[PDB]
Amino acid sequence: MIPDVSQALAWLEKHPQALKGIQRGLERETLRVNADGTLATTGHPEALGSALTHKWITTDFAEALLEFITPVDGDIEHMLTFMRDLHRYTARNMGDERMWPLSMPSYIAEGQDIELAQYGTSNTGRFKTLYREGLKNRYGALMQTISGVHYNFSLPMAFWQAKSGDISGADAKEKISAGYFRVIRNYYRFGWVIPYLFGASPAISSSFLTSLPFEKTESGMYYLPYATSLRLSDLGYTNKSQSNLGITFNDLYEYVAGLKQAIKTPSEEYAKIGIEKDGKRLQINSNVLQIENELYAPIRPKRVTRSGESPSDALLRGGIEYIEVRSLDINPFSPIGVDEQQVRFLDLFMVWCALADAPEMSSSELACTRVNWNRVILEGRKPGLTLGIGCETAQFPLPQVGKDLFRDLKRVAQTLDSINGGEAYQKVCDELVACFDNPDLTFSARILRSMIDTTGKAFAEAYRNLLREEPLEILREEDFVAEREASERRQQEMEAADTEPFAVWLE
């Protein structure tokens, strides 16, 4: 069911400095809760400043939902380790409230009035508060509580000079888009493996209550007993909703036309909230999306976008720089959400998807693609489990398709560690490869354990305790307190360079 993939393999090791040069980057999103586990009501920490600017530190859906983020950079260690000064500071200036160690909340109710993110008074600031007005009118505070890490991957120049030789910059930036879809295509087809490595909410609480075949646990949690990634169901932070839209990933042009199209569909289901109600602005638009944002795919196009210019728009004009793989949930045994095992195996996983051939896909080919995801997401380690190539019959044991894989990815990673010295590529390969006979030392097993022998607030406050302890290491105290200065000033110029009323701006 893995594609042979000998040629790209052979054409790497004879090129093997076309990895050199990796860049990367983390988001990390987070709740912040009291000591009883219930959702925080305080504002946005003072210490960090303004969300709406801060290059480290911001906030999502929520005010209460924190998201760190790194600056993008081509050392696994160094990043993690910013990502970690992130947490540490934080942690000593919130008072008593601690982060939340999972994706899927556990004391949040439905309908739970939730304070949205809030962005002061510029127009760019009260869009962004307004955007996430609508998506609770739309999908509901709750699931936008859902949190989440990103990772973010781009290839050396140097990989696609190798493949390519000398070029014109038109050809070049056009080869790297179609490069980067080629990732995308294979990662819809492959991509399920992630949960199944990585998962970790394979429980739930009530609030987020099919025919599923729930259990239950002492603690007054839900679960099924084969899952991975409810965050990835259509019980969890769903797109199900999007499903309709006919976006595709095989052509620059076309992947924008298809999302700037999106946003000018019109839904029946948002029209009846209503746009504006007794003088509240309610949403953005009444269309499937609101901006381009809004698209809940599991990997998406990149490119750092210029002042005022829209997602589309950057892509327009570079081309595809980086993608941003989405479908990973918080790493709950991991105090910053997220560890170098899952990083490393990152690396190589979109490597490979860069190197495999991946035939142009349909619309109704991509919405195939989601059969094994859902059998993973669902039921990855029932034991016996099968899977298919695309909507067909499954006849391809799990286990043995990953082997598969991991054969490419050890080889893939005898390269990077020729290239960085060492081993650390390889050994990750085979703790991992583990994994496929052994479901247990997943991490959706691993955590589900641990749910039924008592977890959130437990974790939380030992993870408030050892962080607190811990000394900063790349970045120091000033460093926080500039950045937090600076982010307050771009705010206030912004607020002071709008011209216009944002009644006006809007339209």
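Positions refer to the first chain, counted from 1. Here the rigid core means the biggest group of C-alpha atoms that line up within 1.5 Å when the two forms are laid on top of each other. First, how it differs from the form deposited in another entry.
- Of the residues 219, 121, 374, 364, exactly one exceeds or equals a 2 Å C-alpha shift between the two forms once the rigid core is aligned, and that residue is 219.
- If you fit the rigid core between the two forms, you'll see the Cα of residue 13 move by less than 2 angstroms.
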Contents of the next structure:
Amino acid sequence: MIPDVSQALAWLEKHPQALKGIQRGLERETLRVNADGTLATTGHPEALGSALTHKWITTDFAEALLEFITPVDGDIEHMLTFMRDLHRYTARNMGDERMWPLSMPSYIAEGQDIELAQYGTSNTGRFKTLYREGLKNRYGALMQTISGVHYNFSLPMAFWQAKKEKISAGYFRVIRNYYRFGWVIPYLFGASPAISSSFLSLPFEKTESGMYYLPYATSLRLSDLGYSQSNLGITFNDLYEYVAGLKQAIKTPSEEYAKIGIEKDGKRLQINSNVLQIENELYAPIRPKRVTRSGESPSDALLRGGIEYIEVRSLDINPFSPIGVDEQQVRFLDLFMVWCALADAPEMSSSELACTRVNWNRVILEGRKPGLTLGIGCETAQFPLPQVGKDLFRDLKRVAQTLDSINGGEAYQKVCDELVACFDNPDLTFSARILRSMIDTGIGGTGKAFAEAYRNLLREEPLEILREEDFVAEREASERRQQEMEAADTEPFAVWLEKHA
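Can I have the other form now, the form deposited in another entry, not the form deposited in one PDB entry?
Nothing else is written out below except the one chain.
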């Protein structure tokens, strides 16, 4: 089921230098909560400044949903350390409040008023918030409080040399392989096998607290439960075809969306009634990206310069790390992305891509189940999970040797050894571990307990890269960037919307 990559691997083993210069970036989300596990209703904390302009710290869908962001980085440890500074600072400057360590919220009722992300009075800020309002009215607020971790990754220019359009075509290859084989991610690092009742077909088992869980599950975050664009026939074979599918989607009405309406008593309800308001409304486990310019849309930018990097978006929050992501995970994704770039990927239609989901779903709902088998696309399940994983890891291990040879030491290889172990025993995986803790204490209990311990820890730890003064400065500067946008003579919102993306 794993394809034959023997040829491309040998090539790589003979061009090791061609991997030197990997660029990475992390994004990690977390809910601000009270000590009692309730959703914080205070505003974005003072010391962090302007969520709308800050370079490193901002908000996602909700006002209480922190989003931490690292600068693009060449060094793993540096980047994780940077990310940890952000957390250190924030944990110290947010009152008696703390950071929720899990993907899944707990203490949140059904229909609970969730303050949307607040970006001020500028056009840009209003738009951002409106997009959110939009999302609230189409999909519900609740599911939007589910947090995750995003990983940015680019291969060095050297890699494509050794072997623009060649580049974009290469990243499309990567994405296609991610669709076929990336269920490996929730298997290993998936960390949401349970969900609060408040949050609701499946064989769910219920506890006395009213915790719902699937015995063998991995990542309910990624399930239909946690996350409608199936009539879009978006494809990943080719730059122009992808973009074209993306654009036509922007211009694709919706019956469901025309209903909500744009307005009611003057309140704008959404940006538009199109299936996609903006392009990023598009569901994407993995996403082709190019840094955009000003007034330039993601598709414009892609079209212009081709694919620059990719964004992996399938990771749940790592509960066992205070920054919600660790070295082991980062290193695994390096290995995996590279492999995805080496492996041979036939072109896939729309419906063929949708078919690659069946394996994802199986892994998501029951990945840790003994005897579990996977299948090729929609076809009958045939292949035992553990053997597939071992096959995959034989290859990754080879990638790892190469990578360890250029970087020096054996860090990647050790990581392969460590995770391969998880195929012979699923009880080693994140989901099994966190599930054991959740059955005894519940989601809430586990959440508060971790959140508290992490709070103490992070609070008492020194700043390493970002000093206190760097934060104070960026606060001040971000507040000011926002005020400058606010005070500017911007255009009428209407025609403005009209001239966007």
